[PDB]
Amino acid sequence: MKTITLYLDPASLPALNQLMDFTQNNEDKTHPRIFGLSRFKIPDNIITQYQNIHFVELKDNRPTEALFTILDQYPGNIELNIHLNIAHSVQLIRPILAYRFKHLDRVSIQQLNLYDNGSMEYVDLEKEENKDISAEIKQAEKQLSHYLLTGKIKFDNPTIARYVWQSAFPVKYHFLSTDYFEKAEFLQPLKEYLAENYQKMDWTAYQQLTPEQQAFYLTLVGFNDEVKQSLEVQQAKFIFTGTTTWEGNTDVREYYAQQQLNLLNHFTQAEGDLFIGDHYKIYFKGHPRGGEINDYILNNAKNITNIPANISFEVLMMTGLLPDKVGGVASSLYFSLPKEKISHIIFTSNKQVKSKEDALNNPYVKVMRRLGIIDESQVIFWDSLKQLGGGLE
């Protein structure tokens, strides 16, 4: 009998956790492994250090049929150790269940580990408030039972169905916020149901790795030594969170770069509404899709250190390298931050948010307020901030 480990995630946070798992186990060069991590390209010179390492694409949040070709290479008794994104867990496991059903005499499921996509799961759970959660749970377990057979998907409640895997397999959920589950009154039947099958997502695994493994992990996640060192400087640090564009009544991208620079000044300069303090070392963390806007911001900002835009913000939490303060344009990344690290979150114009009032009603912001992670005073609408100049370098 042999174990095969599958690492599936279309997004970022689960993949970052899954790459940690792989790193933790990286002394084993031959354990069969299947990577379907859409956002992460494992470098060739890491891959060739391993045997029985396989790669699969995801298509509409499902591993392609190329998964069957890989699994056919192991014709004896196999046990699958599966790692999933919670939000997308149903779609991700479909081809696995189909395969198991075909080969139920020799293929079996060892266990599941499931990790939050991020704020998504929480936003989706809020929509379930005022349903009979106990009733939703039991129904989802029943419908999961049929899915288990054939690999046929039908769930009346797709959100709750994410949380009933324990009715079929050994499972461990890794939650961004256990406080959410323990404090949300309406979710008490779900929290009680999950029993000891969940834990808070651990951000400390990196500290127990060998130095060699730590470097391996950083390589996996596109975090080079220059950037790490910059984030090891023994001084107070502030990271500004850049964005792409918004509804500014212009399609001139230089405008959006200019305005983001104005927002940054409100943190860096004493004259700013949001002045962080004179003693902070300042960093710019551009949006991964900012493109040439990031170049403009970097070029015009003074006394600032770039953190390559392509790195997922959550890598910082994963590696213990979060700064003292984080501020700037709003992103779901704020959901995952300890409250003492949040300065001010600035919201830009879109269809849903045209004011501070609207920003306070943003789905992840509302949860954050209720959990006491942020005060209303920490929520700023972008065009409330006057034009200010920057400093000298």
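Positions refer to the first chain, counted from 1. The term rigid core refers to the most C-alpha atoms you can superpose between the two forms while keeping them within 1.5 Å. What changes on going to the form deposited in another entry:
- Once you line up the core between the two forms, the CA of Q258 is the only one from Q258, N197, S167, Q139 that shifts by 2 Å or more.
- After superposition on the rigid core, displacement of the C-alpha of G272 between the two forms amounts to 2 Å or more.
- The Cα position of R62 differs by less than 2 Å between the two forms after fitting on the rigid core.
- Once both forms are fitted on their core, the CA shift for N224 between the two forms remains under 2 Å.
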Given for the second form:
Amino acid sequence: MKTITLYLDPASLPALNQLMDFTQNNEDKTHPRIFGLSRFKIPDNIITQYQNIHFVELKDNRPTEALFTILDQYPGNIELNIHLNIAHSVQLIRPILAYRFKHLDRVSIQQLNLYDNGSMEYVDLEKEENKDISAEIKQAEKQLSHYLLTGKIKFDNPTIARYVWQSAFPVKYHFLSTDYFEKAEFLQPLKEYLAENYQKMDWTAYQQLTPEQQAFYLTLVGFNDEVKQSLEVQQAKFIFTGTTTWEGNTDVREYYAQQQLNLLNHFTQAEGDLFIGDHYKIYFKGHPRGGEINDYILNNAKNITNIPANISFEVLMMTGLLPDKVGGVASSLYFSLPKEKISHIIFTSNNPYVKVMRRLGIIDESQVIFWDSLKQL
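Alt. form deposited in another entry, vs. the form deposited in one PDB entry above:
Single chain only below; no partners, no other molecules.
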């Protein structure tokens, strides 16, 4: 019998966690691996060192039918070690479960490892504040059973359904915020139900790698020597962090780009509401999917040092290269940032994201700043 490891994520944070998993397990050159990480391209000089290494496109938050061609190459008993984005877990596993239906005698699910998309899960859970969570859990388990038995998806509570995987498989959840599950009292039945099936995302993992693995990991995440040297300058630093919109609406993307540029000006200009001081070196950490929103900043700002957008902010924490101050639009990156490094967090326009951050003490009780409430400088 054979284990096949699948690394699946259309987003950013779960993929970053999974690249660490790959690094920790990188000595085994023959272990079958299937990478479905949309935002990441494993360098060819790494692929070359591995056999039984496979790549699958994601479409509509699920591996395409090309997954089946890969799995067909392993005609014996196979156990699937699946790494998943939590918010998209139901769709991402969908084709794996379809394949299993057709190959009942040889395909099993060994275990799930699940990682937060990021703030998304917490914003979603916040919207469930007024529900009987204990009862939502039981209904979600029942409906998960219907899914596993019929292949059909129908959840009364899609959000709670994300957390009932243990009723079917050995699972481990990796949470951006374990504090949220403790502090949100309405969620106490969920914390109790999840028992010993969860842990916090471990940001000390990198410090524990061998020098060789640390180098390997940095290559995976794109943290090159040029970027490292730019952050090793001996001057106090501010990193302005970008956001993106999922709206494939051009007018919305253009509005975001404009508001974000104006927000940067509020941090960096002396007359800005959020003025940080003249002594800072200014950096830009665009959102991985900002695209033309990122370009807008670089084309329209000055005296700013770009940090390549696909480099996850959290890599700076691992490498001990965090700046003095960080500011920009509310982001998953702010959940693991030391409090002393927050300049200001700004929201796009009872806001559940605001509520999430307030519950966690990431922001205080003062009036939140939305970016449409900032004067155009």
